[PDB]
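**Q** Each chain is listed here by its residues.
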Amino acid sequence: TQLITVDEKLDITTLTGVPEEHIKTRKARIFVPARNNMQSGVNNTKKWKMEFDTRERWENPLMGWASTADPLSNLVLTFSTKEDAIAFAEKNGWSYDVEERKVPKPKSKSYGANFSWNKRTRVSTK
Amino acid sequence: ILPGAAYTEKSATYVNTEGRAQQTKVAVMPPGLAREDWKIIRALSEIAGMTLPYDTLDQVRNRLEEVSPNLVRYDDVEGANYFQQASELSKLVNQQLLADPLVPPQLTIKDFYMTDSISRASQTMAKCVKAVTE
Amino acid sequence: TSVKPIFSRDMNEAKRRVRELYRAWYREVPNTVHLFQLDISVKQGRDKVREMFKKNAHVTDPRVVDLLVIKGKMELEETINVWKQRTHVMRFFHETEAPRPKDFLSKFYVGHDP
Amino acid sequence: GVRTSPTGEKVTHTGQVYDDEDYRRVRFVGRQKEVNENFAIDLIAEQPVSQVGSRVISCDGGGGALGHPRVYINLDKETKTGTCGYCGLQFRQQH
Amino acid sequence: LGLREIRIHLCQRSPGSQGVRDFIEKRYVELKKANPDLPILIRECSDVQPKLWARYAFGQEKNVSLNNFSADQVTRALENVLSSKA
Amino acid sequence: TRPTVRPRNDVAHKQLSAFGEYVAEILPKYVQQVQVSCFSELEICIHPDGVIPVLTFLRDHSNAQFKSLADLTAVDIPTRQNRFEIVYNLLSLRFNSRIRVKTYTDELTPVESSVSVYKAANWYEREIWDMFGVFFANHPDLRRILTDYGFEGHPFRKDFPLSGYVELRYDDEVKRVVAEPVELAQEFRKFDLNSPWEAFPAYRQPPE
Amino acid sequence: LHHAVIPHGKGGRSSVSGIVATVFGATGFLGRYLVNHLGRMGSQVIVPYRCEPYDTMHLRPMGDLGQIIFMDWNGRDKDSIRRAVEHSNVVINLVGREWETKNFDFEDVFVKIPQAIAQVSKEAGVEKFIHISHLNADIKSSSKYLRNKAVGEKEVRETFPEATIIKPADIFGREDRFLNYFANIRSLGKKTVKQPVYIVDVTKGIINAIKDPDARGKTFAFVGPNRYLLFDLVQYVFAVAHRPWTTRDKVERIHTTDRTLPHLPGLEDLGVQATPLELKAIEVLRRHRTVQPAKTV
Ligand SMILES: NC(=O)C1=CN([C@@H]2O[C@H](COP(=O)(O)OP(=O)(O)OC[C@H]3O[C@@H](n4cnc5c(N)ncnc54)[C@H](OP(=O)(O)O)[C@@H]3O)[C@@H](O)[C@H]2O)C=CC1
Ligand SMILES: [Zn+2]
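Residue numbers (the authors' numbering), protein chains in the order written: chain c, 8 to 133; chain 3, 560 to 693; chain g, 14 to 127; chain b, 1 to 95; chain e, 13 to 98; chain 5, 7 to 214; chain d, 1 to 186, 195 to 252, 278 to 323, 334 to 340.
Hints may contain errors.
[What the hints assert, rightly or not] For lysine-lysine, the following PhoX-like pairs were computed, each having C-alpha atoms within a straight-line distance of at most 25 angstroms:
1. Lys-650 (chain 3) to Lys-44 (chain e)
2. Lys-120 (chain g) to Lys-219 (chain d)
3. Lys-61 (chain g) to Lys-31 (chain c)
Derived from the structure by calculation, the hints contain no laboratory data.
I would like the entire structure built from these sequences, with the hints used as guidance.
**A** The following block contains the structure:
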């Protein structure tokens, strides 16, 4: 046979070594990151990311540096699809929420529409 | 005075003018001893001996779903029907229109920059007002 | 849903392996208290073993408990063969760590963590 | 151009000084608060404005490749000088 | 001690909410004319099962499932809520 | 494209393509993909049930003789359901060549240990146990090799944080080095560096 | 409350506890464990030291960077005391000698220096002041230690009216002079009754007295859970340690029974479970090895 049938939910939380505080009190956010509106390039909007809720950052009394106590504060994960991210968060016991991908809707462009005979879409200058 | 969290300092449900529920995320934490707002009200309920049946943000949102379930379906506009029944109920008591003309409280760009407590504390908005009033 | 097993074909072989690992740890606790010259009792060390076994007591997957028994055997080999120092044995007893706030009100008083 | 707080503490060129009720002054007890007493904002004001006969001037900070990247400053405003964004030197068209 | 508000959750399109929809199109108005100072919050949503929430005095809330009712059954459940006030 | 561009080696590309076809047709039971990179490196991507038969082939076959195990490697790729990618870099001193043998596993499926083929693997896959949590069946002494003795967690998994979950300090009350939850006096500053523009159009993936 | 002294973090080494503590006598047995338990919260700890700076080295790993500030002080110099306490929100006194010296007798160590510290801490605006007397302090005591410590307790109470005064009975620990005295004496058996208290219990009580606003002006008595006769306590010390420097004032104090003060609050009123001797005496006396427990009264 050499194959067993495990009909249970996949759960590796006892094997990851993550302490309980950072399994059951964390909210994973699964999202495609928004395009930086300083720029027109879209190559950062191609993958799904997983991040966590930001915890407390405070001021170091000596230097004024940003002291943290959150180990997961920099943990950003990359996924090809939404279902891979959902499956990875369910496998690790993370409570998650998913934002759907926002695509830009197809616009209707026409250079001649800048010079219409009777429509408001004339450009006053060019 | 109970120091609370601002919109950048809490994961928090806000519903816009079209009924779409949306949630902020925590960007930074509230300064000093300030706390998240329902945490303050829930701790006040526990001090008063009338402890409200939620402990976490998800349980507050379960209560929020119990009062109206649209408040937890994010980026969704639930359509509201029944204009006819509201219009029939509006025909009951005939209130009289005043003779005052419809004047909005914001006529110029001067009135735009300071409306809430964050904008009134804003030095940039103060410079915008001083720049448009000169 | 047909997966390759590690050691156990089902959960009963898995419980057999959990049980033998618990027997080996239970026998090992007095020797661990003695030769690491710990400040705990043998009963307190066996309580910590029972606590660590009950911590994983909700798992229903045979492969996950096979890996838990494998990692427990590894920790046991690191304890019998004196590879751990006293500090690695005493890390199960979070003694210098101050107790965390457990209820809502004290977590409200100390900060922002839910 | 250093001044002093009423606590007796030197204000840095940023403007940093601890409050009187701030406990973090205790790190300077028996020791010193190291400030630099050559304020760059006070030294770049001491430079003379260069009167040039052109409309666009170039600044590299001097020294050629030992200065900053070479930028071009327009001098069309006769109200105000044209200041280099790197070194802080300022220029005026002589007409 | 007494009823304070009523909350009626329903769907716009689900057939299990249809009788509840049949309640609001016909019988809500003379309900609201009968109870002018009682807030009867109608909340439509996308995929919910129908539900009647009855908040009473001092935070007490009773909970009636209006799933697959006719409009007569919604009328009877709501008038039982109005007549109970417990 | 002479001075600054790397010169392409077409002879090695053709020879490694021919040998990749050779291995793919001698062993069709386990070979899934065969690829040759543009810088002439052959990869045999196999099924994990053929770890021993493929590696025994390349070690012992008279046209392969990959007698040396250069390196054994895992890669965590969390978007795959078989997230761990086990990499066998092999060296044939007879034919002066290198091959790469790649397979996969998830957290719970064991990979067969290759200590019977290459004894060099005895520590390498042992490290793959310590760094990734990949269990290796029938390893002689499988245990941790790099982490501390009480270390929970498999660090080179990409869901493991950079600083860990614990940090040590000496405590003079208990007269002992103790482990506490990690608090950084300065947080590691995550830099989002990736440009929003496409860099390599030859690697463009087809959209959804 | 100032913004830099608002507590932050999760209570660890890099956190901010909001406690700025000037701990006089921090280089001793109690100061060791008090600075260890303060600096593990992220507290600013001013350590004024009299001794060689080498003898303060063990206090340096006890906190994050800049969290322990070492400065010189003299007991007969009020200017150094003001230099040490003027930024602190709590001042703890631990200055003590078991024996009198040529330059410092029991009145200088227990009356003059605590009154100087409490007077300067009052006139610097320090919120909290914790003083450490002894449980057996009395004006009519036979030993000069307990007489001068009762006088100094009275003067601390009258010059800092909101001082938390704490009475430990006989503190045992790894660096004590209670179990290490009996284990190295190898003076006799009398009718003396004692309840010794463990040092970590004392330290947790002091930090809970810092954190509790109800502990201002109180007089606590830190005692152990089990009272012992002196004879079977000494026999238990010799039985655990596997055995078959002093003065007459120390002899008068070992032969002085630990009084029972039920009207004073104790470790239970600060949330401290007093650890018995039977758990910690093996940890203390493991050093002295080259057991049926003692009978409680
Ligand atoms: N079992 C116990 O130890 C008990 C102790 N107490 C009290 O608790 C306090 C601390 O006890 P403990 O740790 O054992 O005492 P220690 O003798 O171990 O240390 C006392 C500290 O006081 C300092 N000190 C002593 N005399 C002077 C002085 N003249 N000027 C300046 N500093 C001085 C010492 O500094 P340096 O290192 O420079 O000498 C030392 O750091 C004392 O007040 C003691 O009376 C009360 C009950 C029981
Ligand atoms: Zn310049």
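**Q** So, for every hint listed, does it hold in this structure?
**A** Now the hints, each set against the structure:
Between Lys-650 (chain 3) and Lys-44 (chain e) the CA atoms are separated by roughly 13 angstroms; this keeps the pair inside 25 angstroms, and the hint holds. Of the pairs offered as hints, the one joining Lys-120 (chain g) and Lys-219 (chain d) holds, with about 16 angstroms between alpha carbons and a cut-off of 25 angstroms not exceeded. Among the hinted pairs, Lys-61 (chain g) with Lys-31 (chain c) is consistent with the structure: their alpha-carbon atoms are about 23 angstroms apart, no more than 25 angstroms.
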